Amino acid sequence: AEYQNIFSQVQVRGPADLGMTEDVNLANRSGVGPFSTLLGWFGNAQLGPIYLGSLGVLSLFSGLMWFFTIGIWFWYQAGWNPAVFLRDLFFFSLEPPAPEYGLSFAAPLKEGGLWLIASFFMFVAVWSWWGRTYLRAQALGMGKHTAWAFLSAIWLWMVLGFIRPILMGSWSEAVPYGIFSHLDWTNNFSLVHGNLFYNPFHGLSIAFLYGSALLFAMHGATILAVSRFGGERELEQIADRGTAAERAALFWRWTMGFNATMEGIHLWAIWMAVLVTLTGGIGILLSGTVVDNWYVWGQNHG
Amino acid sequence: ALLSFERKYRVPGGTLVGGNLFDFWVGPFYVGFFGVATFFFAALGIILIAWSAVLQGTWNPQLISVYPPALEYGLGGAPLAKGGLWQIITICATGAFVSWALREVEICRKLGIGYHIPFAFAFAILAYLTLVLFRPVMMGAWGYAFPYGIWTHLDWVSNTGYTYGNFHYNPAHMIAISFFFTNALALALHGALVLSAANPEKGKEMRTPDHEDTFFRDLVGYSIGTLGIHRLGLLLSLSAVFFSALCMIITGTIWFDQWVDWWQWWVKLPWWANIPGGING
Amino acid sequence: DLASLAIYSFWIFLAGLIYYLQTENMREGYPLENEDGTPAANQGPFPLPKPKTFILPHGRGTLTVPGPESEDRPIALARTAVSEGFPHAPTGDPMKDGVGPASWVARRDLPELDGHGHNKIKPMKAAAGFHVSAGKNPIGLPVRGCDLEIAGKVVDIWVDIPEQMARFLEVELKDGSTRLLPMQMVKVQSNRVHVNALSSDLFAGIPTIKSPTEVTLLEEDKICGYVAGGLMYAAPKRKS
Ligand code: BCL
Ligand code: BCL
Ligand code: BCL
Ligand code: BCL
Ligand SMILES: C/C=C1/c2cc3[nH]c4c(c3C)C(=O)[C@H](C(=O)OC)c4c3nc(cc4[nH]c(cc(n2)[C@@H]1C)c(C(C)=O)c4C)[C@@H](C)[C@@H]3CCC(=O)OC/C=C(\C)CCC[C@H](C)CCC[C@H](C)CCCC(C)C
Ligand SMILES: C/C=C1\c2cc3[nH]c4c(c3C)C(=O)[C@H](C(=O)OC)c4c3nc(cc4[nH]c(cc(n2)[C@@H]1C)c(C(C)=O)c4C)[C@@H](C)[C@@H]3CCC(=O)OC/C=C(\C)CCC[C@H](C)CCC[C@H](C)CCCC(C)C
Ligand SMILES: COC(C)(C)C(=O)C/C=C(\C)CC/C=C(\C)CC/C=C(\C)CCCC/C(C)=C/CCC(C)CC/C=C(\C)CCC=C(C)C
Ligand SMILES: CCCCCCCCCCCC[N+](C)(C)[O-]
Ligand SMILES: CCCCCCCCCCCC[N+](C)(C)[O-]
Ligand SMILES: [Fe+3]
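Protein chains in written order, with the numbering used here: chain A, 13 to 314; chain B, 3 to 283; chain C, 534 to 773.
Since the hints were derived computationally from the structure, they do not count as laboratory data. Don't take every hint at face value.
[To be verified] Some chain B residues judged to face chain C by a derived CB distance under 8 angstroms, without partners named:
hint	residue
1	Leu113
2	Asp212
3	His213
4	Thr228
Even for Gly, the Cβ is constructed at its ideal location relative to N, Cα and C.
Excised from the complex, chain A in its bound form:
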């Protein structure tokens, strides 16, 4: 019947776009890559350019080092044969050093030295990408929102493999690198702490994670519903409110009694999401450092 705007019904190409300059060192941007017509039905066809640079290359190089480090191991676990590597892919796993070695870096590779090595690489890979996240915004003179939000994700991660292990007394507390094994670690973690469904933070994380799905459905469907008045053009709707934004507010006001503004909704969005990993990380951090068993704690409340 009516069009719905989920896929473009006509594409349109023009010169590769090399983007804004503001204070950016143009010396670091690649060339523009090809144009995908595939992507082009859902969003923008242009691939590239990307901007590499010291931190980007630093990040990216460690990225692979961690990736491959784990990969060597898997290869070794297979005893070198492809058929096997493929067969047991999800079953290999690179595990932290045994409790026995505490927090030291003295464990043999096979007893976890590798684990530390890979971790090390991931550590630098991530923070270097974090800084890149800030730097790339400074050049364009944009606020530091993306960096602040990315910190929240970093938080959980940092808590799971670094902070909690330090406070427990050993790397053996950290997560092993493996598809099925990190799943198992997860399950195991709840069993040993008395069932995470009793962790008040755990369940506040669920709320935000469900929350985000609900909010993005809400938002996204709303912007599509008023895209026949230019709705997706959010920044200008912020500077000069149009009927897209009015009808968007009012649909919600008539539905549930209150609404938002075009800038306000993004504020709701950035916080709904950010709180998923923020509470989630408190959740894990208090587990087994201060609370051994969420069932018990919940009977007392401390």
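Based on the hints, put chains B and C with the ligands in the right spot on chain A.
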């Protein structure tokens, strides 16, 4: 009671049933025929929960819980105190939810916008119906549904999962999780983009969609664009719930053994099934 | 103990955040008003936020919200009841008068500029390099309305340079004038473009634009308003 620009939008029209009878607001609330329908079903349901609270012997909201009829009743009616109340309430819920969706559709016609919102809400209603209606039915008893209380409802999650071992291994459940984690990642990113363009460094001027696209290309080498990120949000979200329904409708009906064992198909391909070594041989 | 300290703090934080989070979402539309324009008695529990100011990319200025709110236009509606709460009937032709699903806001009568100061939306003819890459090209197709009759023909595609995106089709009418029609409200088919919202006789009514190679925020609103309104107000001619 009116936003400074609201009046020109409050015109007659759009209702799906009732013509002009229910075409009005109460405060900010649009009403409509379905406005009325949802109040009916909501009040009713609420009363029945309260009632159910007396047979149980509590008013404590952290203990009140309405259970489905026990398995012995299969797909049949059941005495109030033993699961009939849950049965009626469930009719009531469905009544409320679906009524809300159509009330939404009416708000849509009046405002001249598209139907994307009610439509996304329908995926949610469908997740609920999978758990309380469809799964039970293909399975042979309301008893497999889940109960209405804050904590008891969690216990059902936990027991039902552990009945198949570590539920992590349901393959449709892994997909579904993926989309949840992904949708959350996109939400943080969108919120953060638009705001950092709207709120740039102290003293600079408002940035532009162009900066938004630039920022992303600079960083990851691609940018989906302002219309695309909204298309994507909608999609990640609806997809997650879709896979949730899926991972559950197959569990207990076509697969009833431990989810971990299901992965043996992979491991037992004749090409590698015997080869010594690795983890599984 | 710690945990319960942490969880109790968290709820207090959360309430501050909702408070925040809500007042920030009051920068438009408030204070509430009565069906007549006067300020409402209950504005509710949250105060209006302290003002904030955006600058305004290309010498275009400043915006401060909350700020004096005013339709800067006449609204042709009349009450249908003696009390708060009912619909306001259109006192003339809602398509022309710009009320209901045909409303528009009085945005600025300048066009949106890309990041470089250039008009964001140009007709394809004036957009160097821009061509159609995938999907049927509408240029050339006849345009049909919801009453199954032919209103005109496509003669160009107005595109969004920076987002590389079709935004309008420009359409030629019986008399040789053109109109903009939003991409989002048309259905491109193989032997024609179809418009559900409007009937043939309503195309002439679509607001025209003043310069022929640019559109303003004010005109995009009048055009989009006018055509969404057709869904409701042209239903009598819509058939299928
Ligand atoms: C949250 C608490 C648990 C946990 C619980 C779960 C559960 C439960 C599940 C996963 C699932 C996933 N987890 Mg885990 N996960 C945890 C922490 C992590 C961390 C981390 C660095 O902290 C990482 C990288 C992963 C990685 C992953 C992915 C393999 C998989 C889908 C992720 C996804 O959609 O990302 C979001 C989207 C993105 C675009 C980010 C980037 C995507 C790519 C794929 C990242 C993967 C790198 C990967 C290891 C390469 C795989 C090797 C190849 C197969 C050759 N988990 C913690 C310890 N995770 C799901 C799964 O399918 O497991 C099999 C699943 O069901
Ligand atoms: C979805 C998979 C499982 C399930 C798994 C889990 C897990 C796991 C957890 C929850 C948790 C929650 N679930 Mg549950 N939950 C299920 C089905 C539902 C249904 C339903 C009708 O389908 C409802 C209403 C709820 C409601 C809830 C909330 C009480 C709590 C936090 C929700 C949240 O933030 O959502 C996101 C939505 C929003 C932010 C919008 C606001 C919604 C509000 C908060 C709804 C409250 C309703 C009220 C308590 C109950 C009805 C009141 C009467 C009608 C009058 N669940 C199904 C059975 N659910 C979490 C918890 O902490 O429980 C103690 C938790 O850890
Ligand atoms: C059965 C086992 C337990 C259980 C054990 C745990 C444990 C343990 C944890 C969770 C956690 C979570 N669980 Mg639980 N969980 C259970 C049941 C549930 C149920 C349910 C219906 O039952 C739900 C809905 C949830 C939901 C959740 C989330 C709200 C929360 C994960 C947040 C997140 O996004 O992490 C995903 C995000 C990250 C891991 C951050 C990613 C960070 C880094 C920087 C990304 C790096 C990428 C890297 C560099 C490589 C790139 C890849 C390549 C480039 C491709 N759980 C049961 C009861 N759950 C987590 C939590 O916070 O608990 C408080 C957690 O640790
Ligand atoms: C120990 C338990 C098992 C487990 C067992 C299960 C089981 C069992 C189930 C899930 C389900 C899910 N689990 Mg699992 N799961 C585990 C570990 C995890 C982990 C993890 C981090 O380890 C994660 C991230 C998840 C993630 C998920 C999601 C894919 C899916 C939940 C969302 C959903 O269905 O929404 C769908 C959303 C809804 C159903 C909400 C509908 C709301 C309705 C329509 C409207 C509400 C109105 C309301 C009353 C409001 C009124 C309020 C006021 C009046 C205003 N699981 C562990 C290993 N998981 C569930 C699923 O897939 O369900 C289909 C499910 O049943
Ligand atoms: C609520 C909070 C949410 C949230 C939020 C945010 N999340 C962000 C941001 C925000 C705000 C960013 O700004 C930032 C970003 O930039 O986005 C584009 C980022 C990021 N979130 C990533 C992954 C992620 N977030 C998860 C979770 C949540 N996030 C939750 C839900 C999860 C889950 C769910 O597990 C995952 C897996 C990375 C994509 C990215 C950093 C990558 C990095 O630091 O990499 C370091 C760079 C490398 C390691 C290169 C390594 C190459 C890889 C390992 C493999 C090789 C390539 C390939 C396999 C094939 C070729 C190899 C070949 C040669 C053989
Ligand atoms: C599809 C992908 C996402 C998505 C999408 C969308 N979600 C939407 C919309 C869209 C698009 C709307 O447009 C609509 C809305 O307006 O939003 C403000 C809506 C809504 N999503 C709500 C809850 C919600 N969404 C969830 C999930 C997702 N949503 C996912 C993740 C979850 C999760 C995760 O659990 C929850 C809890 C309500 C707030 C609101 C309905 C109000 C209602 O229908 O009023 C009508 C009903 C009542 C007022 C109460 C009737 C109560 C009965 C009679 C008595 C209680 C019975 C009950 C079984 C008791 C159980 C208790 C419990 C402990 C077990
Ligand atoms: C195909 O063959 C080749 C060789 C090409 C390959 O490369 C194949 C490679 C593979 C098969 C790769 C497979 C890789 C994986 C599946 C990896 C999976 C990883 C996860 C699921 C990870 C999940 C969680 C990890 C977490 C939470 C780690 C966090 C780490 C840290 C916070 C790091 C803390 C740092 C430490 C302990 C070191 C600090 C040291 C100092 C000196 C400060
Ligand atoms: C920013 C959005 C605010 C939404 C908050 C929703 C509240 C969810 C209620 C969670 C209650 C569960 N528990 C155990 C943690 O209390
Ligand atoms: C998940 C959290 C839900 C938060 C709900 C907050 C309700 C605030 C109501 C705003 C008041 C609207 N008024 C009356 C200002 O229009
Ligand atoms: Fe947006």
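So, going through the hints one by one against the coordinates:
At a threshold of 8 angstroms, the smallest CB-CB gap from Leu113/B to chain C is about 6 angstroms, leaving the interface hint in force. The interface hint given for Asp212/B is met, as the beta carbon of that residue sits about 3 angstroms from the closest beta carbon of chain C, less than 8 angstroms. The beta carbon of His213/B comes within 6 angstroms of a beta carbon in chain C, closer than 8 angstroms, and the hint placing it at the interface holds. Against a cut-off of 8 angstroms between C-beta atoms, the interface hint on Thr228/B holds, since the closest Cβ of chain C lies about 7 angstroms away.
Violated hints are absent here; each numbered hint is respected by the structure.
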